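We have chain G; now place chain F onto it with these hints.
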Amino acid sequence: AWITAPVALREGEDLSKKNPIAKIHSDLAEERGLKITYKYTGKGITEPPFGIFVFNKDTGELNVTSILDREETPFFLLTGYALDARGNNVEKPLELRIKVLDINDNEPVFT
Amino acid sequence: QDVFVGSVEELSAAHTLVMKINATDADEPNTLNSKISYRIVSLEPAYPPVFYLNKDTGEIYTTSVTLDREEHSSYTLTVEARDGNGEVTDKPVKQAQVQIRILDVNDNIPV
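Protein sequences appear in the order of chains G and F.
Each step along the first sequence adds one to the number in PDB author numbering, with nothing skipped, and position 17 is 583.
Each step along the second sequence adds one to the number in PDB author numbering, with nothing skipped, and position 44 is 1287.
Be aware that a few hints might be false.
Claimed, not checked - Pairs of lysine-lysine residues, derived as DSS-like cross-links and limited to a Cα-Cα distance of at most 27 Å, are as follows: (1) F:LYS1334 with G:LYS623; (2) G:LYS601 with F:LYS1334; (3) G:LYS623 with F:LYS1298; (4) G:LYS609 with G:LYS584; (5) F:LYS1337 with G:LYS623; (6) G:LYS583 with F:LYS1334.
It should be emphasised that the hints constitute simulated quantities derived from the structure, not laboratory data.
Okay, chain G solo, but in the shape it has when bound:
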């Protein structure tokens, strides 16, 4: 497979129109008439911190609920999965990272 650098998003903006921030889809399923159900995992989905992400089981899509902050977190690490109606992990996993990008939204403080 291909070792990736993450998707970048920026702090302090609305991400409504930047979704979906991951998506699993397969037209080899389509050609066969097959359906699939999904899962995601990690930060915000099965591990903390929370209040940041959600995912769709039917459509494979992963969303962002909120505005990021870079002084909260520089990055995030998750895993997406695909599975059938008899329990079988159907394909290789979505290994997946997200990067949080930084602007000058704070002023210096003395020691």
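For chain F alone, kept in the frame of chain G given last:
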């Protein structure tokens, strides 16, 4: 009612009772047309399934997936209530919120 409320301890066992819900319907009593059943249409975080809903009763149980208070201190669910023999179309119906509050246990060691 619009909101229903429950609680449970952490590090608990499967099929452990949390709370009850109810609904009602306007076809004649003791028919398949008014025979109420229940389902979870919302959970946060949605994966995994940590709760189970007996369609017999409207009792909310735990599943085999263990809750942790060090992960989350509350869970909000929405539930949908249905009848008859047809299936779900795109047109909605009235749904109701559930709220499951977590109890700590002494899984952490004083030093």
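Outcome of the hint check:
Distance hint between F:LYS1334 and G:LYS623 is fulfilled; the C-alpha atoms sit about 20 Å from each other, no more than 27 Å. A distance of roughly 23 Å separates the Cα atoms of G:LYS601 and F:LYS1334; the hinted pair therefore holds under the 27 Å criterion. A C-alpha spacing of about 22 Å is found between G:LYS623 and F:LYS1298, which places the hinted pair at or below 27 Å, so the restraint holds. Among the hinted pairs, G:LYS609 with G:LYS584 is consistent with the structure: their alpha-carbon atoms are about 19 Å apart, no more than 27 Å.
Restraint check for F:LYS1337 and G:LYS623: the C-alpha separation of about 22 Å stays at or below 27 Å, so the hint holds. Between G:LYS583 and F:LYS1334 the CA atoms are separated by roughly 26 Å; this keeps the pair inside 27 Å, and the hint holds.
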